Amino acid sequence: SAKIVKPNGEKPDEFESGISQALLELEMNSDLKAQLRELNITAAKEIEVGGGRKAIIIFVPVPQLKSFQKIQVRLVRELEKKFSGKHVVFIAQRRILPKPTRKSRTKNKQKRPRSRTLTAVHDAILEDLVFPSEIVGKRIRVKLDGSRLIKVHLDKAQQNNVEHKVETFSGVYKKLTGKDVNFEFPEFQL
Amino acid sequence: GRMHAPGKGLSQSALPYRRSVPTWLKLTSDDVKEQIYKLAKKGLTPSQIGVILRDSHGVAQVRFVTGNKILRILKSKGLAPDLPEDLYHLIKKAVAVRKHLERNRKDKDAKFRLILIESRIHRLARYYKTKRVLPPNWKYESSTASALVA
Amino acid sequence: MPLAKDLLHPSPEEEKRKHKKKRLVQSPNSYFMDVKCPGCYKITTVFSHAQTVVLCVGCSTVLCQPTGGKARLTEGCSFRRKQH
Amino acid sequence: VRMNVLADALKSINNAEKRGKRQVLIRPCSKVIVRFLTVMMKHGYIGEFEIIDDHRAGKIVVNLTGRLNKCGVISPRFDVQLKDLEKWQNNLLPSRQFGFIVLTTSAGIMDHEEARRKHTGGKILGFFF
Amino acid sequence: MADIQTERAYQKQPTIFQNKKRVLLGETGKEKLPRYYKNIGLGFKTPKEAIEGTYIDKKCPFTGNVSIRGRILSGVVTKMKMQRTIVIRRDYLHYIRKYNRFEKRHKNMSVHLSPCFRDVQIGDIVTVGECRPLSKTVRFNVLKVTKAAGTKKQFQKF
RNA sequence: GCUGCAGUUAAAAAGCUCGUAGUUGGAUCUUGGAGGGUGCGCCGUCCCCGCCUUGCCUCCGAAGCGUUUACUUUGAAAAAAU
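Protein chains in written order, with PDB author numbering: chain H, 5 to 194; chain N, 2 to 151; chain b, 1 to 84; chain W, 2 to 130; chain L, 1 to 158.
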């Protein structure tokens, strides 16, 4: 119920409950169970796409992700179908640590890991938002109006799973960072 | 460009972007770490392990299929040897040049070259020492160097 | 240099002619392949330029010799690239 | 080798505009290059720029109009004392009226006008007009 | 430890008296030496060694008769050749306008070092405090040993 | 000749390289409406400020208290004559 899988320091509910139930629904089965069972989730958040189909974002412990990666496509396919009208995906909760000041104080708290920096984390978010494709490259555009836009290049193959999504990834990303993201396709070295 | 000559030559790896992959790469961390350790048993250097792994068996970079550089893998198993390999091959090279110069006292080129090599060694050791790898007070000496490299 | 290129989107053809280090954003110019030799049926992955002898799984065979550059594959052999 | 990276970016720009060029690719970029490119941008001296992400140190493409006579870098990064800023802008700016000295202060990389208004000071990066 | 007392004169803290006495256990009494100490002030913790110790050192800021007043300085330990005293090197920046770059410059400062501090080893950064003339050269006394195994160039342990 | 010099031929790059001191050193770790000064005749113009992750902890003050600095900023302390 709420207790097990919606935990991570808060019980709660509603959607988390629905999705969890959906996972159980999937759980009845074969190899489409036992493999999942281990997987667990911290929380779910829902945020929309501009005309109005919402996207559902799921949070993972991070040690878990390799396994989630293991399934992903098949699971997402199920969650989109059972829960339709939403774009489902998977993001790992990452900690982020503040850069020390100085007088922040500083009781030289244990170093911290780049694998804890806000930029690194955000990069991870970008990496997580798209899936099996791969981010081929990136560029940053400085708009006349002091604005910045990040062009995130994408692979080509197998993309289709993401193609329809793109707009949500942009919106979702915004909700998290407040930065603007855009997507593109390549090229194929020759 | 270059340190002990006027050579310009740009030349390199050119390492790949793609964050992940290879994808056509199955195997596993398990697999190649075993592979690495077994090769290092045989006496192979990390450069050498990386090459042979690269060409014979699928490993584009050992880093990517395992979050660790080959040397770090070796050291963690307990395969790290006494001085870093670059320093080794330098010391060994200055040895072979030194042996050749003892044979042929008439070769001024060789004497020049020996100096160059030796300077490169002393600076490298200064760097390793600054960085704990070598005990502060480490030095390379002709006398003892011969005995050191083998 | 006539005050005309889109340094940001350069052409794939003239990007493909340039040095690996001179490429817009860098990238290599080398690849991997699967290699055959009828007697066996399984397939060894090989690196385009190779230095090492590469021998097959079992048969002391051959499977290219090295050179200045790309390994020269040996006589009666076949090879799909290839991935991403 | 390299001591600074800014000086290269700035020079590269200046030679682009001198040729009659409308774009450049600078390498390798840095937070400081971005910040400087940005101050330039706010003021009009360049168009829009783009940081391309090699898995290395970066490469920037700047699209430039042609309002730029010169963007220089001051090395070393001398300390300036609020009434050495008045002395700097006079040394290296065309008329009292325009052109900016851009420095780095505790409270941000800024053009000296913004410096005067905040009322902070620091070490001098460079300039343009 | 090493027998302190070593010299020819009986080392003692002034006006801190004894009197051992008869009856059983101890025997006399167990500590056998009353010890007097004080905190320097300025929030410098008086290290345990001072309180725990047998050593005499009049010159000690914690155990001895010296007051710390005046400049509080920090420097890097260049020498620990002399007994109970060290030499520290103080780097400072000299500003030259006439055209403007100033050039690193340094001064060495002799400073007394209480036996309470140990591992005073060259390389260690140390915080010394001004004091009454201890010796013709020495104006200062080591108040705090800043330390660090860090500076990694080796790996310190505990 | 710092600002602000010249050194192919005018006065001036050591025959060449190694090299300690000294100097000099790549990218990369925080983000995404009104208060106060002086001009112009109740109106406004133009700075400056907290805003539309930002010292932790001890448990408002106090205290703990600073990771070190340089830097720069705001104060005091700053002989009169000049």
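Fair warning: there could be bad hints in the mix.
To give a feel for the contact side, a few chain N residues facing chain H, derived at Cβ under 8 Å [as the list claims (entries may be wrong)]:
1. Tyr18
2. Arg20
3. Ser21
4. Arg104
In silico EDC-like links for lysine to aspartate or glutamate, alpha-carbon gap of 20 Å or less [to be verified]:
5. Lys160(H) - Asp55(W)
6. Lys98(L) - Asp85(W)
7. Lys5(b) - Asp85(W)
8. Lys71(W) - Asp9(W)
9. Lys104(L) - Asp80(W)
10. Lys183(H) - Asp127(H)
11. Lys147(H) - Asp9(W)
12. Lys70(H) - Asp31(N)
13. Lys157(L) - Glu130(L)
14. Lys147(H) - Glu51(W)
15. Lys5(b) - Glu191(H)
16. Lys153(L) - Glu103(N)
17. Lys74(H) - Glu103(N)
18. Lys79(L) - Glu52(L)
19. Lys93(N) - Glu103(N)
20. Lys22(b) - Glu191(H)
21. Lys22(b) - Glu87(W)
22. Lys144(L) - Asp119(L)
23. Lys86(H) - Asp35(H)
24. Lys130(N) - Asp124(L)
25. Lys179(H) - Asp127(H)
To be clear, the hints were calculated from the coordinates, so they are not data collected in a lab. Here a beta-carbon is modelled for each residue, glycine too, at the ideal position from N, C-alpha and C.
Hints, one by one, checked against the model:
With 8 Å as the threshold, the beta carbon of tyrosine 18(N) comes within range of chain H, its nearest partner Cβ sitting at about 6 Å, so the hint holds. At a threshold of 8 Å, the smallest CB-CB gap from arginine 20(N) to chain H is about 6 Å, leaving the interface hint in force. Interface restraint check: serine 21(N) against chain H, minimum CB-CB distance 6 Å, threshold 8 Å, status holds. Because the smallest distance between the Cβ of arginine 104(N) and any Cβ of chain H comes to about 52 Å, over 8 Å, the interface hint for this residue is violated.
Using a Cα cut-off of 20 Å, the hinted pair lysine 160(H) and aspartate 55(W) holds, with the two alpha carbons roughly 19 Å apart. Under the criterion of a C-alpha separation no larger than 20 Å, the hint pairing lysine 98(L) with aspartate 85(W) is consistent with the structure, at around 15 Å. Annotation: proposed proximity of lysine 5(b) to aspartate 85(W) is violated, straight-line Cα distance about 43 Å (limit 20 Å). Among the hinted pairs, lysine 71(W) with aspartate 9(W) is consistent with the structure: their alpha-carbon atoms are about 14 Å apart, no more than 20 Å.
With a C-alpha separation of about 16 Å, the suggested pairing of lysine 104(L) with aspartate 80(W) holds against the 20 Å cut-off. Between the alpha carbons of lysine 183(H) and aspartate 127(H) the distance comes to roughly 12 Å, so the proposed pair stays at or under 20 Å and holds. The suggested pairing of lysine 147(H) with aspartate 9(W) is violated, with an alpha-carbon distance near 23 Å, which exceeds 20 Å. At most 20 Å may separate the alpha-carbon atoms for a hinted pair to count; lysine 70(H) and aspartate 31(N) meet this at roughly 15 Å.
With a C-alpha separation of about 32 Å, the suggested pairing of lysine 157(L) with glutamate 130(L) is violated against the 20 Å cut-off. With a C-alpha separation of about 9 Å, the suggested pair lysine 147(H) and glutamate 51(W) falls inside the 20 Å cut-off, and the hint holds. For the hint pairing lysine 5(b) with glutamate 191(H), the CA-to-CA distance comes to about 18 Å; that is within 20 Å, so the pair holds. With a C-alpha separation of about 36 Å, the suggested pair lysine 153(L) and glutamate 103(N) falls outside the 20 Å cut-off, and the hint is violated.
With a C-alpha separation of about 63 Å, the suggested pairing of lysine 74(H) with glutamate 103(N) is violated against the 20 Å cut-off. With a C-alpha separation of about 27 Å, the suggested pairing of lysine 79(L) with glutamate 52(L) is violated against the 20 Å cut-off. Between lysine 93(N) and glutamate 103(N) the CA atoms are separated by roughly 15 Å; this keeps the pair inside 20 Å, and the hint holds. Pair hint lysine 22(b) plus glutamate 191(H) holds up; C-alpha atoms about 17 Å apart against a cutoff of 20 Å.
For the suggested pair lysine 22(b) and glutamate 87(W), the alpha carbons sit about 43 Å apart, so the restraint of at most 20 Å is broken. With a C-alpha separation of about 12 Å, the suggested pairing of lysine 144(L) with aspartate 119(L) holds against the 20 Å cut-off. For the proposed pair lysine 86(H) and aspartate 35(H), the alpha carbon gap of about 19 Å is at most 20 Å, so the pair holds. A distance of roughly 18 Å separates the Cα atoms of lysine 130(N) and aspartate 124(L); the hinted pair therefore holds under the 20 Å criterion.
At most 20 Å may separate the alpha-carbon atoms for a hinted pair to count; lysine 179(H) and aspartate 127(H) meet this at roughly 15 Å.
Violation of the numbered hints given earlier is confined to hints 4, 7, 11, 13, 16, 17, 18, 21; the remaining hints are satisfied by the structure.
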